[PDB]
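Presented below, as structure tokens, is a lone chain in the form deposited without the partner chain.
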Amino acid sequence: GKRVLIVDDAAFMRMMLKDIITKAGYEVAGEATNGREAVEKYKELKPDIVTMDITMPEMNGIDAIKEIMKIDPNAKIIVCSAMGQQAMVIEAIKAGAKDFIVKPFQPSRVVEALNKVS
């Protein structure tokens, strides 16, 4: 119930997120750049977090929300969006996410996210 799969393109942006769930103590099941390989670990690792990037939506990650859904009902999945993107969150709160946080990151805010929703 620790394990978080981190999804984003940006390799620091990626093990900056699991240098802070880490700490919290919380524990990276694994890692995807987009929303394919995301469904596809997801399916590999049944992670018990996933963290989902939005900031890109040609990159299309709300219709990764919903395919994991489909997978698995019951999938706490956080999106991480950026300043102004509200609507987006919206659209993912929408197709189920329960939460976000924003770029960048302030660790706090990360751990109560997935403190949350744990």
Second form
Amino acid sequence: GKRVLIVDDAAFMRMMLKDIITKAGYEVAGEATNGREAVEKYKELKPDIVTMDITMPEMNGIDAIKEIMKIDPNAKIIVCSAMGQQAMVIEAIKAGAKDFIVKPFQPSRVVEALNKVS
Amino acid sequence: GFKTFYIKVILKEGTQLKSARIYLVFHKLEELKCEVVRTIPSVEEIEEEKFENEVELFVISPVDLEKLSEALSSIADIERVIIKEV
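Show the form solved in complex with the partner chain, please, the one above being the form deposited without the partner chain.
Now the complete complex, all chains and molecules, led by this one.
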């Protein structure tokens, strides 16, 4: 019930999230570097929670959210954004995302987001 | 016999993307089928972040205090949610 699928292009960003997740009592189900891989990993890993980076519009994290929602209408997705992205975040929430966190990652915020989505 | 509640959402000083954080509150209220009657500041100002660390709402709710408070407490990154039946 604490398995997370981490989706982010940057290896360092995923590392920072893995560290927070582990220290917070959750576990890394797996990771993806893009949205296409995210949907594939969602089907195979069946994670409880997904963290989806949407900081890079070209990466199309929003489309991956919609695809994951189609695969599982009960999916629990936490969007990872940057400052100034309120419009994209609101759009992601309407697409099905449950909550959001903002970079750079603040452990206490990530921990509460994980706890609350559960 | 619906109910009307006064709600005050208080955010922490550093809270990022406050308009999106507040949107989550509006999204939760709509999920519970509540109707927002009035807000402080106006909806336009909220969407433009023309506020500090708190937002006030007056809503008509088909659910009671306990379920409403439980639902609003499920939102992360909120210092406090003040709810009073009116």
